[PDB]
Amino acid sequence: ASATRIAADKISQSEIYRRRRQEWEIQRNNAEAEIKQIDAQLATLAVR
Amino acid sequence: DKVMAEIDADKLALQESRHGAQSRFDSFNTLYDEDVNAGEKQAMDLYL
Amino acid sequence: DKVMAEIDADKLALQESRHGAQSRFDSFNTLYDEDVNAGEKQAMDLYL
Amino acid sequence: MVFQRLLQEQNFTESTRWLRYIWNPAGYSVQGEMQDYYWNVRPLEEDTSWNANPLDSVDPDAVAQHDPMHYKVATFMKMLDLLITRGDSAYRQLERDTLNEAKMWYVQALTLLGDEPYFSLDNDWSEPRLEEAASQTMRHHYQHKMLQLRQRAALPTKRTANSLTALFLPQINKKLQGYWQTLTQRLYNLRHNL
Amino acid sequence: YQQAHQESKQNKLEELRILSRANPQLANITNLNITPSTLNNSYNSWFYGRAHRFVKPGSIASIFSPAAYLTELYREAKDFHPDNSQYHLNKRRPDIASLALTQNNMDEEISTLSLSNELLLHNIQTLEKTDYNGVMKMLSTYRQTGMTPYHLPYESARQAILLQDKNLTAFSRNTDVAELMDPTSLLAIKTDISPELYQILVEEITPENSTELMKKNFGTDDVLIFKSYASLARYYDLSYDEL
Amino acid sequence: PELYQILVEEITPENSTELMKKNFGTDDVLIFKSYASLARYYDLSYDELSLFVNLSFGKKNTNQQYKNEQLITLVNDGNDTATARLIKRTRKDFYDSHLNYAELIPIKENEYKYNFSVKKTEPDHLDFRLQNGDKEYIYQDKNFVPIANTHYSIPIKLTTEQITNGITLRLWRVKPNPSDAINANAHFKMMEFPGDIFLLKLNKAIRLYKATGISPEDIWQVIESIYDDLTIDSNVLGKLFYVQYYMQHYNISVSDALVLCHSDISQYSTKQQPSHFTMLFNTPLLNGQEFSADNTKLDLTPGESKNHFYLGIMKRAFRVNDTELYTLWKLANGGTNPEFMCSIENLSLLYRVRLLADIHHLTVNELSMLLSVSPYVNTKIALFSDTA
Amino acid sequence: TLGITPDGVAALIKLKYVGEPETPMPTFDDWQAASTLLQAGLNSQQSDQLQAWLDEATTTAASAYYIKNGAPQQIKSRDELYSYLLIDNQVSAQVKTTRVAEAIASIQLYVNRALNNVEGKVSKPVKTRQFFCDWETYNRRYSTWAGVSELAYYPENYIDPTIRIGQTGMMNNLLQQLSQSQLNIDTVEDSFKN
Amino acid sequence: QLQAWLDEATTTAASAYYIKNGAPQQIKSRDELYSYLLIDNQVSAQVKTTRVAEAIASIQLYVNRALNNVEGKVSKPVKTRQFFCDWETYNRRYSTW
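Residue numbers (the authors' numbering), protein chains in the order written: chain A, 2185 to 2232; chain B, 2088 to 2135; chain C, 2088 to 2135; chain D, 1797 to 1990; chain E, 50 to 292; chain F, 244 to 631; chain G, 875 to 1068; chain H, 923 to 1019.
One chain only, chain A, in its complex shape:
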């Protein structure tokens, strides 16, 4: 029972690491959209 308890802890740690990576992926996509938007704002500022 102790061995399968600590196996549950191991798989829980693996899944929380996977969720941390997915959240970092969200943040990276948001920042890439942001840098594209500010680049296009630089373009319209040059036109103005």
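Calculated directly from the structure, the hints in this document are not laboratory data.
It is possible that part of the hints are untrue.
Said to hold, decoys possible - A few chain G residues that face chain A, going by a derived Cβ cut-off under 8 Å, partial list only:
{"id": "1", "residue": "1053"}
{"id": "2", "residue": "1054"}
{"id": "3", "residue": "1055"}
{"id": "4", "residue": "1058"}
As the list claims (entries may be wrong) - Here's a subset of chain E near chain D, in silico, CB distances under 7 Å, partners left out:
{"id": "5", "residue": "66"}
{"id": "6", "residue": "68"}
{"id": "7", "residue": "73"}
{"id": "8", "residue": "74"}
{"id": "9", "residue": "101"}
{"id": "10", "residue": "103"}
{"id": "11", "residue": "106"}
{"id": "12", "residue": "111"}
{"id": "13", "residue": "120"}
{"id": "14", "residue": "123"}
{"id": "15", "residue": "144"}
{"id": "16", "residue": "146"}
{"id": "17", "residue": "150"}
{"id": "18", "residue": "249"}
{"id": "19", "residue": "251"}
To be verified - Some chain A residues flagged as far from chain G (calculated, every beta-carbon gap over 12 Å):
{"id": "20", "residue": "2188"}
{"id": "21", "residue": "2195"}
{"id": "22", "residue": "2197"}
{"id": "23", "residue": "2218"}
{"id": "24", "residue": "2222"}
{"id": "25", "residue": "2223"}
{"id": "26", "residue": "2224"}
{"id": "27", "residue": "2226"}
{"id": "28", "residue": "2229"}
Every residue, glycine too, gets a C-beta built ideally from N, C-alpha and C.
Could you slot chains B, C, D, E, F, G and H onto chain A? The hints should help.
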């Protein structure tokens, strides 16, 4: 003419904001559609 | 002339926003490219 | 199970090894010489009835145990999954050396698949009424014909009219068609600069 | 029962074993050593080319099509009632038995309530043995039930006028042609008063004309024809508050 | 230039075997033997190949053999020439209102088989008749009710002249009571060629489809608008240029350019898309009953019609008033109103003038003004050539 | 502002309800002529709007007439007419549904009403077939029915290498030993030796 | 733009002519011509690749087609060298090699 081109570049900036908002919505939707992961459900069953 | 100089300083402000958006994107990308750390993988192996 | 888990954790060079432990299309090198087979499991080579009475409950594992050809087909679909995800992981990196690798994986999947069944389909249907199609007499006659098929019935050679005209037709499975569609979409995007 | 069930199970198993190796997708695949089940010729000779005939996914002819689902549904559901019972499927809905299982009926997206209208008008035509125009003529003048008469050209005309000139501002502008228009006719334009409904509203009720007009507007005499608030509200489609 | 030489050359029975060598190489007409080899040779899809070729292969498993309302039926033993018989259904009046399909299939020479299926059966008529353009009842079986959604087969004896000219079979259900006889008619027209000339014509038709990207029914319509017997020529290529140029010039549709390029309103329907005729006239069905292009006289003066069905249908289909319709018909005949027959040949060139007003963003009164100040004041638009 | 001719305006005024004497009553064909006169004067948007409104009016006319004249005696409301005819006569005309889906919904409503014995006399021996023992879970909707029939025909689509009904304790312990985010070759070989 | 369009037209001219006139008899489609010649004739002209990478991709396609025995007659003793025992993991791509 240059005023109209500024309007066009501003529309391009708005599209590039909308693309990242779309990707964030799709990523959160595919996160929400799977409540538990395979490993998360495995850890629940191991605790049980 | 002063109106045009105001446009120039606004472009400088936009560049300084874009630099920080770039640094945030690069930091999140180098966070995402390593899923687990060396210590995190070590802790997984120790639980196993 | 090990290969599926290595695919989900994306250890590709080990997942393909653990798939080589069961299926290799390139044959097997045993004591330096090649072999005459491609399936490393003998009840997959010779279809052994693992499970008599499989339809007592709804279990795809029970039906695939009743004949292991379905296990063989699912193994091939897992191989196609591995190849197209190698191609997708190569395609998402967006370098022109990796695009050749992605086209290599998609070409390898396509030449494992072969030719898509295009003109061999029917597109041919004598449309009955619902009253004709739900004929319990016709359905019973069809089952009686099936029992005559397994009892071999001497094949009476009396060429009569096809009383089973309103029978619905067999359908090819959706997943292989999805594989064909995504492979030709990948190669269309790769053969342009998309 | 157990032996017949076992026979049906093994017939389904043999059919599955025949058809699952005659798949056209699994022909040109490299190094998948699959032989046909040595009864494929027997299947094609018994059923004339059925294993030879595989169908496209998403077709009307497919065994997983909604037509196949409907066929199995009707074949298993047409026996809940005795045949002479008025709740039997073919007796309550003879249209659903003779539906042609075609790709047009499968994929042609018609609006519902058009099927309901065609079904009701076809049942009224089959009942009264007349044409559609005759049904509309009799429905434009039927006075016995509530929510009826229904003058369909009048309804088409008043909805066309309400779509073109909402709120009747042409009546307010062009007063010299508004002189020619009747106020009750403009009432019939702005809200629904059929010509038969106007004849119902405009007729006077004498003690002499009482029993005849009660036949003309209700049918039966003998004043206790509703007997309850519920029957009255159901006959006129009223709420308890409106009643 | 070589493709133009391929398209412009004529195919005689004398020049057949030589031109088959010049355009294919090998003789002996069975050079494709399969749909897959044809589609591979011409780089066609099965759908694009289905626009042209609909053979007798797989006959027994269907009751409808016509694909895109056409059917080729090649017969053997024609002195080993393998002559083909292309038959095109045309879907005339009351087709969609009273029946599912209605196909005329040749069995042998002067031996034809009528396949149909009555939708919404009528129990109170029982008098099956079958005439051709109201001339003579070909098949007539009193006391027979075709029940709903059932594929019936009726043998029909038809002469080669009557089938090579466009025939219009008319399915009747008359009642012995003197009330209404339900009319439902479709139009057929067969075309017969020897195999080599058929292959060469199909070759240049498929090459023109590959070159232009235009519809095969559309090239049928433009070749029918000028010539007969399907001879691709320089006038056909000019009209095929002009439909494309008008379709790019204005934002009109294909059939909308067809009406402008001296063709008629197309009655070709499909299960994909309805006919342009029923789209224009009967898609929002006016009084339930549909509009049928009958030769019924109707005086278009704004007070003497009293046939409000066709009048309202024309006014809604042309988006026009009574007076504006009358002056539209007056422009079509040079300020006169001889007689309106309500035929398809009048509905086209009544629609041509409306399109002429609309594509230049003019009202019909403005078009009448501009033609009144033109050098085209009292000219006959009904009697124009395509160049005029 | 009505989009017609002044003679059409005079024809509309000649349909006066109460006007001058010695003018005859407006006939039904006269009303139909005025109706198509006004109906030809609309564009496609107003034509679709008018057509939808006319359908939604003629349904509540014809249903009341059918309830009054020809129906079984138990039918007294529009909901009872729906419960009989298995097609909803109260749906506004924005809803679209093909004929086979309407027939499927009608037969499914008939089955769900017959199973609860709301009808006259349900034949109880027909109620206990295997198709109706599996009604509540599989056969009620087309999606689950097609999923069960696909699981019968192509079980290769539904087998996953991870879970299986009847897998052993050593297999489950291997799956516990194998379910991490990181799987080395040494880790999977130690798990395989275990 | 004109040059790219003319190249993308002359490839689908010349490939059909090569399939018709001079080719082994098994070649009947453009995909079969690709599978023979090991160079893709359907790629639009925006894609750039040097000659050594084209030759590398051609030989790698030839090896991956010969290992699955899709060709006529694969010499089975050549198939079991150490270089092809390490083909699946190392020698398939230049980076891992």
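To test your reading of the hints: which numbers does this structure violate? Of the numbered hints, 4, 9, 15, 18, 19, 20, 21, 22 do not hold.
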